[PDB]
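Okay, here we've got a single chain as structure tokens, the form solved without the named molecule, with questions on binding and movement later.
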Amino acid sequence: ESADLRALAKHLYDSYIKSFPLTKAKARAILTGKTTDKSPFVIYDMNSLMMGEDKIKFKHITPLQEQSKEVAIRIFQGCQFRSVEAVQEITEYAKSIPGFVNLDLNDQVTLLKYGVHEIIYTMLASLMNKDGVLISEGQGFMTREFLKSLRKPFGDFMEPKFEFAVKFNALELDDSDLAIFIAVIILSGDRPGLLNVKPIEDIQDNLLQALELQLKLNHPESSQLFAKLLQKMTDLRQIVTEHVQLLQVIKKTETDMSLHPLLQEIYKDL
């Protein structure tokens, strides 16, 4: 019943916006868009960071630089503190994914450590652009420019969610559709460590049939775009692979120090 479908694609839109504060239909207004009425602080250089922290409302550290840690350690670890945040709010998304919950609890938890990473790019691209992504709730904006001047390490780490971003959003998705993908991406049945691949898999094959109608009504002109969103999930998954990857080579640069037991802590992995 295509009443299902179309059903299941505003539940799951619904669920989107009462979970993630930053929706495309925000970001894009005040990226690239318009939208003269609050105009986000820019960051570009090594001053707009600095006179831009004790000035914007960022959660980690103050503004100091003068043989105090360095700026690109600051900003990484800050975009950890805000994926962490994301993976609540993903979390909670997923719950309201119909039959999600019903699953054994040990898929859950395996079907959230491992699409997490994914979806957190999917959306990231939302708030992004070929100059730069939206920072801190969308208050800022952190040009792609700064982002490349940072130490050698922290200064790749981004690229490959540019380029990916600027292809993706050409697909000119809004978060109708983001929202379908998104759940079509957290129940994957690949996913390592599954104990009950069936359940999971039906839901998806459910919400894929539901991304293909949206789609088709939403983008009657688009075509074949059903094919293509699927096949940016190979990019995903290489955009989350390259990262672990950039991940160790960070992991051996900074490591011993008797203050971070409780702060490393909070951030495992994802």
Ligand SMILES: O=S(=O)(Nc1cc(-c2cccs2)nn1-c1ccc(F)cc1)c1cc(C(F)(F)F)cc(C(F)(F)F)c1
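Note that the rigid core is defined as the largest set of C-alphas that superpose within 1.5 Å between two forms. Positions refer to the first chain, counted from 1. What changes on going to the form solved in complex with the named molecule:
- Annotation: Cα of residue 216 displaced by less than 2 Å between the two forms, core superposition.
- Core-superposed comparison between the two forms: CA of residue 234 displaced by less than 2 Å.
- After superposing the rigid core, the Cα of residue 58 is displaced by 2 Å or more between the two forms.
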Contents of the next structure:
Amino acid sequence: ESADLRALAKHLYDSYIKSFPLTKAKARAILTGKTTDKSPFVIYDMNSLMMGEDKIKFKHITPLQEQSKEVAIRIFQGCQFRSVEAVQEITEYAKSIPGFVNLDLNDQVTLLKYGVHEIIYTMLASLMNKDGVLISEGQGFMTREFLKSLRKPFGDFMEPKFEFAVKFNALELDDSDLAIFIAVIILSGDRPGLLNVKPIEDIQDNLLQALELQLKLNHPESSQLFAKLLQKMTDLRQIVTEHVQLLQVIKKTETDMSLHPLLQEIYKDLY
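Starting from the form solved without the named molecule above, please write out the structure of the form solved in complex with the named molecule.
Chain only, nothing else included.
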């Protein structure tokens, strides 16, 4: 039944709603200017950032990290903290994908480890326009120009993500489309070191049918959107390998210590 596929789409939207407080629909209204209530703080330069360490921290001192050290470094570390948070959220959502928790425990672990980054860049696009990105739970907005202005290695971090987002966003996907897409990415039977490939493909098969039916009904006038969407999955992998290269350059060339243990042993045979 098509009814079951819609039931599955529906189940995935609701779990997505619970796992991810800042949804695309909310982020876009923020990025535009709907129901004017509490406009976000704008970080457009080194000075406004300084002025802003005490606009997302000073209220009560519970930050992503302390002061001092280069601004490029501080932003880097703040994004470390932020990604481990994104990961817990993605992990929670994953357990709500039917069949996922019943997979071999270590295949769960492998799936998450290779899948999380592609889900971050997909979902970070919902938070982006062509001019910058919502941060601090939609409380701030950091310009693409400022990120790009940071000294050499760190100024190149974000541009590729911005470039992906602009084009991905032109697809006009809504959270109900993204909910199933994110689930398709998780369940990829081609990740390195997976034990049982077939049960993962059997799940991704059902989520592919659901994704297809979703897009046909929700986006009838977008000829071959399903296909276009699956092709973006190769774009995502590129953004990831490229982000992984740059992290390897940073860690080999820089002089700043003590980092987030999460993706530290996860630096072992990645993308």
